[PDB]
Amino acid sequence: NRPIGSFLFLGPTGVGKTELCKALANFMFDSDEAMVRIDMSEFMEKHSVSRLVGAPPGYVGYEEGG
Amino acid sequence: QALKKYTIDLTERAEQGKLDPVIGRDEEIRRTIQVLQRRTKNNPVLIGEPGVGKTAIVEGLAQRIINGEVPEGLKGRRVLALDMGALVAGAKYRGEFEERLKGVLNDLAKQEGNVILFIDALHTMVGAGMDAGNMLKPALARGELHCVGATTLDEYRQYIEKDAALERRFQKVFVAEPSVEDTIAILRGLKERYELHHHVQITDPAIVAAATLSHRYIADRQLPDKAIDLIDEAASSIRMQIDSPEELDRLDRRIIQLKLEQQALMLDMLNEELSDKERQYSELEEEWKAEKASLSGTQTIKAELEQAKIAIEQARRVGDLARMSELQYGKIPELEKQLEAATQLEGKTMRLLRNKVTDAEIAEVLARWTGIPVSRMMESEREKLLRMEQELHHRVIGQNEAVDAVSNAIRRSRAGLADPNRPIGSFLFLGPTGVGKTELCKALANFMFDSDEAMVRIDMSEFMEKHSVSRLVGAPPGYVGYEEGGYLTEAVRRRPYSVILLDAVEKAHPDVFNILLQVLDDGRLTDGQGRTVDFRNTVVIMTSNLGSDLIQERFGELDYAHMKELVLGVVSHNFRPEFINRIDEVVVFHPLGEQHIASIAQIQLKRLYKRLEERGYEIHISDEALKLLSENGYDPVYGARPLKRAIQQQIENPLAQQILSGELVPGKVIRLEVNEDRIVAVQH
Amino acid sequence: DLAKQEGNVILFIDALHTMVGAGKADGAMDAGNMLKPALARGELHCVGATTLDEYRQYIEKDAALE
Amino acid sequence: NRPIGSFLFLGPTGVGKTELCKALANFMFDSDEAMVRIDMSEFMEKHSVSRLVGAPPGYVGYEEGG
Amino acid sequence: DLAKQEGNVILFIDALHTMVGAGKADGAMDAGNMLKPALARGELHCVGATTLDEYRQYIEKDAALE
Amino acid sequence: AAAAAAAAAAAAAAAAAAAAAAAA
Ligand SMILES: Nc1ncnc2c1ncn2[C@@H]1O[C@H](COP(=O)(O)OP(=O)(O)OP(O)(O)=S)[C@@H](O)[C@H]1O
Ligand SMILES: Nc1ncnc2c1ncn2[C@@H]1O[C@H](COP(=O)(O)OP(=O)(O)OP(O)(O)=S)[C@@H](O)[C@H]1O
Ligand SMILES: Nc1ncnc2c1ncn2[C@@H]1O[C@H](COP(=O)(O)OP(=O)(O)OP(O)(O)=S)[C@@H](O)[C@H]1O
Ligand SMILES: Nc1ncnc2c1ncn2[C@@H]1O[C@H](COP(=O)(O)OP(=O)(O)OP(O)(O)=S)[C@@H](O)[C@H]1O
Numbered sequence: 595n596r597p598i599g600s601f602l603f604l605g606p607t608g609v610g611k612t613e614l615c616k617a618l619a620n621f622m623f624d625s626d627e628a629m630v631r632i633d634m635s636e637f638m639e640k641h642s643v644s645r646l647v648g649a650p651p652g653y654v655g656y657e658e659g660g
Numbered sequence: 159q160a161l162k163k164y165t166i167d168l169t170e171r172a173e174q175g176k177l178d179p180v181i182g183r184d185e186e187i188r189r190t191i192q193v194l195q196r197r198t199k200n201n202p203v204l205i206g207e208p209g210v211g212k213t214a215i216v217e218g219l220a221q222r223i224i225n226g227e228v229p230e231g232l233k234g235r236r237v238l239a240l241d242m243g244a245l246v247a248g249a250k251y252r253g254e255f256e257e258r259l260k261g262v263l264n265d266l267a268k269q270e271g272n273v274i275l276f277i278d279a280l281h282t283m284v285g286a287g293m294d295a296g297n298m299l300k301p302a303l304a305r306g307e308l309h310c311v312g313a314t315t316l317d318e319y320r321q322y323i324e325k326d327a328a329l330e331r332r333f334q335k336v337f338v339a340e341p342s343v344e345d346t347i348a349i350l351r352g353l354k355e356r357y358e359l360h361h362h363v364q365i366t367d368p369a370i371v372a373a374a375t376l377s378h379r380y381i382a383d384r385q386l387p388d389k390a391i392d393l394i395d396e397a398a399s400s401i402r403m404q405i406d407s409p410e411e412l413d414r415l416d417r418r419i420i421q422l423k424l425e426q427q428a429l430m441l442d443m444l445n446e447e448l449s450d451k452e453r454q455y456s457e458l459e460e461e462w463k464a465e466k467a468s469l470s471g472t473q474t475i476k477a478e479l480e481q482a483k484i485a486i487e488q489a490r491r492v493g494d495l496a497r498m499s500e501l502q503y504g505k506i507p508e509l510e511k512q513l514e515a516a517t518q519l520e521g522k523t524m525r526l527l528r529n530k531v532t533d534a535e536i537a538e539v540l541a542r543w544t545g546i547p548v549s550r551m552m553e554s555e556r557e558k559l560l561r562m563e564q565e566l567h568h569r570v571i572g573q574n575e576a577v578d579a580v581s582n583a584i585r586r587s588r589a590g591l592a593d594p595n596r597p598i599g600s601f602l603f604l605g606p607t608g609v610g611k612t613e614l615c616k617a618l619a620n621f622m623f624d625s626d627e628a629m630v631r632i633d634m635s636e637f638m639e640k641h642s643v644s645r646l647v648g649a650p651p652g653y654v655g656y657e658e659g660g661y662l663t664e665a666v667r668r669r670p671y672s673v674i675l676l677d678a679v680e681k682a683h684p685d686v687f688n689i690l691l692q693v694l695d696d697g698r699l700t701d702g703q704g705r706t707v708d709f710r711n712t713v714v715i716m717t718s719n720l721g722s723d724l725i726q727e728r729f730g731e732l733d734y735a736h737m738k739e740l741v742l743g744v745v746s747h748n749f750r751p752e753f754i755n756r757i758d759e760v761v762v763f764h765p766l767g768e769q770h771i772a773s774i775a776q777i778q779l780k781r782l783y784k785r786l787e788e789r790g791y792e793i794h795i796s797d798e799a800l801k802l803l804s805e806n807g808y809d810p811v812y813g814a815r816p817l818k819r820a821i822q823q824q825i826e827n828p829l830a831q832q833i834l835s836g837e838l839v840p841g842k843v844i845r846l847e848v849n850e851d852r853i854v855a856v857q858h
Numbered sequence: 265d266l267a268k269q270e271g272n273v274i275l276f277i278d279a280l281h282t283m284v285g286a287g288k289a290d291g292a293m294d295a296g297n298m299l300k301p302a303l304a305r306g307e308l309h310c311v312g313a314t315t316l317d318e319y320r321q322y323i324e325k326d327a328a329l330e
Numbered sequence: 595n596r597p598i599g600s601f602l603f604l605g606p607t608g609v610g611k612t613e614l615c616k617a618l619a620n621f622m623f624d625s626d627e628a629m630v631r632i633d634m635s636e637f638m639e640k641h642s643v644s645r646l647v648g649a650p651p652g653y654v655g656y657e658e659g660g
Numbered sequence: 265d266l267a268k269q270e271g272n273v274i275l276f277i278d279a280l281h282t283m284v285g286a287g288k289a290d291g292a293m294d295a296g297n298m299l300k301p302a303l304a305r306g307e308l309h310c311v312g313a314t315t316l317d318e319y320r321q322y323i324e325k326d327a328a329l330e
Numbered sequence: 001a002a003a004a005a006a007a008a009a010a011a012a013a014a015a016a017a018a019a020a021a022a023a024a
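Residue numbers (the deposited numbering), protein chains in the order written: chain W, 595 to 660; chain U, 159 to 287, 293 to 407, 409 to 430, 441 to 858; chain E, 265 to 330; chain Z, 595 to 660; chain L, 265 to 330; chain F, 1 to 24.
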């Protein structure tokens, strides 16, 4: 009932965090660009909620989801 | 003559008695007669919702012609049901539909008001190729045709009031939705009719139950169609219960099992046991046949009584003199008293079944027809339901308050005592997390359905924006997802008895709480298309933790009462005063303790045993290892899931680390012993 | 023909919502108008079989055949 | 020149407002809910007039009316 | 005629969504509700071909032929 | 002589959209 693992990494920048994740992807599929990367620093307002989960019925980009 | 070839003589069916005598529709039959006895616009067309008797009025009119009780201007008329089917079905070549239509109108013109035209299903006429409207739209408002259409409310708007001149060629006759007690009387006359057909008896509490239940629970269809749905269905079901039995099949499985056993053994004693059980089975069989034969003779004399009533009404039509007093004073009292003699004979000899239809049977039909559980408190579910809190502490330890509350909720549903304006439980949970809000609701779903995620599980943390109102409701017309409809109301009107979790409710912009103002207040909600959904058989539950500081501060040294009061003040800080009045019960969770943590430890261990038993491996645990898990899974602020992370790491990492190592063997008990401060895994 | 078999025949339709709007043409006969009286008075014994989806979309729009 | 009772009710919460309206419905028509209970807690947006009134032609729910 | 072929023929269709919306006229019958029976039994050895987005828009609208 | 043959008569309907502002 929970997803496989949900980790909160920490640190200062440039120590390898993104590389650990890309090392996982380049392990698990032999690809860095086969993963899901949601660049969460964009989300400085409360809308991009409605870009990642989709926009409800009666709105603009309805039939293409998040 | 096209009238032989292209209509239905309804006056012959009423003459040959193929119809239902309609009780009621007094004003509307008299309205039909008013509108038919005019000079221009001699055309009413019955309009109501589908179900309320738009065929019934025309058949009751037709019988009143046969009964001759009409006003004198309608004596000697004819009622012909115009067949759009054959009149289109011949029309292969050019002009044939129009030629047959013209010839129909000329033949009806030759009868000169002798024949009242009855179009059934008026919107079938219009599109037939000019072609179908503009041939008759002249002839309609000239008095020469007395048409009575009969069609639905919707097809009036969508297939008639388009072409407005065809609309003014008529008169609306607004057939009403029938009321409660009028439906009861209609059902009494038809009770006599279904006791002609389905070979059973019908009780009067069955009548008041069918009226009360069809008006109360179901929303979709209407009186008196759905009360007839109940009565006719229960007639067929009780026909099947007489026709089938459970004890006979129990004894049949027993005798065939002992026969197979004795055939395998060929000390004995089983020849004697099988002889005794075959004798008992034949005795219950012969009782079953005798009971069926008694009810059969009862129904034959019931039907011959009814045909005597039909023949004496044929005498009241014709006027035979000795036939009246003869049939009355002979056939009515002796056949009624031996009908009652067969009835009390049933009351004596029916042991093994039901000969009637009562409110128990209507309730059983209704629950197995929709899915609202309003059937009577059968014993096994009553024992389960009395063991509510025995079961709920097998997925939620502690937290007895809301355990009791939802116990009360399910009881006051099933006992029927609840207020039928409102849903069963509009609960609302508080308390800082890690304590079992989501789990109490999951335990409810498994309790009520034997399924964990079979619940309309809205998750409120998406509704921070002002428009996922129209996520859940539906999309209003003209817009994109009109043809879908929402996710809440559609998934409730599929299954009218389910539990709407509202996980994490404080996240939203409070417009969703206006939608829930309707929901929790009166249990109707309007979907996008406009067709309402009744929530009065659902348990709307919302979880939140808007009291984290408060209950973590003061659950000790305080009661439950001032606890509730102070956190109710805190919800009044957040939520709206319009809304927390609508709550069924604001309940307050509280942080767990050490016996509770030990319990949850054992529960996670048991489900882990199940998982590795699906792997196929056996596990014991040291009690000191349980002390490790207890002191590694304890804290005030985070609640349960510290225990789950401690279990997860400090078991599953070295364990499965050893598993795919191939160190471990299928067949040994994986005993969990301890090191100094770590669990050691042994294989012996 | 099924009137000439006297209830010996239980009719079966799979995918009931092929019937609402079956052959509506210059003659809008629809095969719903024609089945509606026989379905009312129970003269046939027709068992449908439809998806829960299209029961909403294609049959609850034709309310008399509901 | 106006509809008959152009009323607007106010006050504190839960004090028989909807009750009075159902009390009229029980009076006038002997039915508790036989009254058009259009609920202004759905219409928190612009397009909700197109919910309750109807649809302009050519578009989706135009033939169903409001 | 493919039932005549005694199960020795493999059917290939490109743009299966086109076949789903092929004969779908206003109150008619498409190939979708005609290949509903011959594919749940599967005497017709179909082979599909589609784009990922328009699979999602088009065929997953029709769950039975999904 | 011939017969008035039945037709097929493909028809179509449309959709609006809706765009929504933010207050701030
Ligand atoms: N341990 C490492 N091994 C290999 N390459 C590394 C390592 N640490 C840093 N790098 C390189 O330096 C880059 C910086 O690492 P990142 O993880 O992307 O930075 P960061 O620590 O994730 O902080 P962010 O994500 O930029 S906020 C990587 O993309 C690699 O190119
Ligand atoms: N007053 C009544 N007396 C007896 N039976 C009635 C009465 N009103 C309705 N019914 C029954 O209701 C059923 C049909 O009722 P209607 O109001 O005619 O619905 P309907 O007209 O058949 O619906 P459509 O759209 O016209 S097919 C039949 O079983 C009738 O016997
Ligand atoms: N009383 C309890 N009995 C058994 N398991 C429990 C209990 N309380 C919590 N748990 C466990 O804790 C998890 C559920 O945590 P919750 O208390 O439900 O968090 P929550 O109630 O959903 O509140 P939030 O909003 O999620 S923090 C599940 O894994 C349960 O097994
Ligand atoms: N004078 C009264 N007589 C009988 N019941 C009353 C009276 N005043 C209030 N009530 C009860 O108060 C409740 C009112 O429900 P509602 O009409 O929704 O509330 P309201 O007070 O009229 O306004 P809202 O919509 O709830 S804020 C019902 O349960 C009534 O029984």
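One or more hints might be untrue.
In silico DSSO-like links for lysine-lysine, alpha-carbon gap of 27 angstroms or less [as the list claims (entries may be wrong)]:
| id | chain 1 | residue 1 | chain 2 | residue 2 |
| --- | --- | --- | --- | --- |
| 1 | E | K288 | L | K288 |
| 2 | E | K268 | U | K335 |
| 3 | W | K640 | U | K511 |
| 4 | Z | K640 | U | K640 |
| 5 | E | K300 | U | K176 |
| 6 | E | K300 | L | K288 |
| 7 | U | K176 | U | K640 |
| 8 | U | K260 | E | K325 |
| 9 | E | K268 | U | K250 |
| 10 | L | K288 | U | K250 |
| 11 | U | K300 | E | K288 |
| 12 | L | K325 | E | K325 |
| 13 | U | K325 | E | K300 |
No wet-lab data here; the hints were simulated from the structure.
Going down the list of hints, with the structure as the test:
1. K288/E - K288/L: Given that 27 angstroms is the threshold and the Cα spacing comes to 13 angstroms, the pair holds.
2. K268/E - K335/U: 38 angstroms, violated
3. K640/W - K511/U: Roughly 80 angstroms between the alpha carbons, so the hint for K640/W and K511/U is violated.
4. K640/Z - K640/U: Distance ~12 angstroms between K640/Z and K640/U Cα, so the pair holds.
5. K300/E - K176/U: 18 angstroms, holds
6. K300/E - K288/L: Roughly 24 angstroms separates the two Cα atoms, so the pair holds.
7. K176/U - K640/U: 59 angstroms, violated
8. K260/U - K325/E: 33 angstroms, violated
9. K268/E - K250/U: 25 angstroms, holds
10. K288/L - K250/U: 25 angstroms, holds
11. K300/U - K288/E: 23 angstroms, holds
12. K325/L - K325/E: OK: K325/L and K325/E at ~18 angstroms, within 27 angstroms.
13. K325/U - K300/E: Judged against 27 angstroms, a Cα distance of about 23 angstroms means the pair holds.
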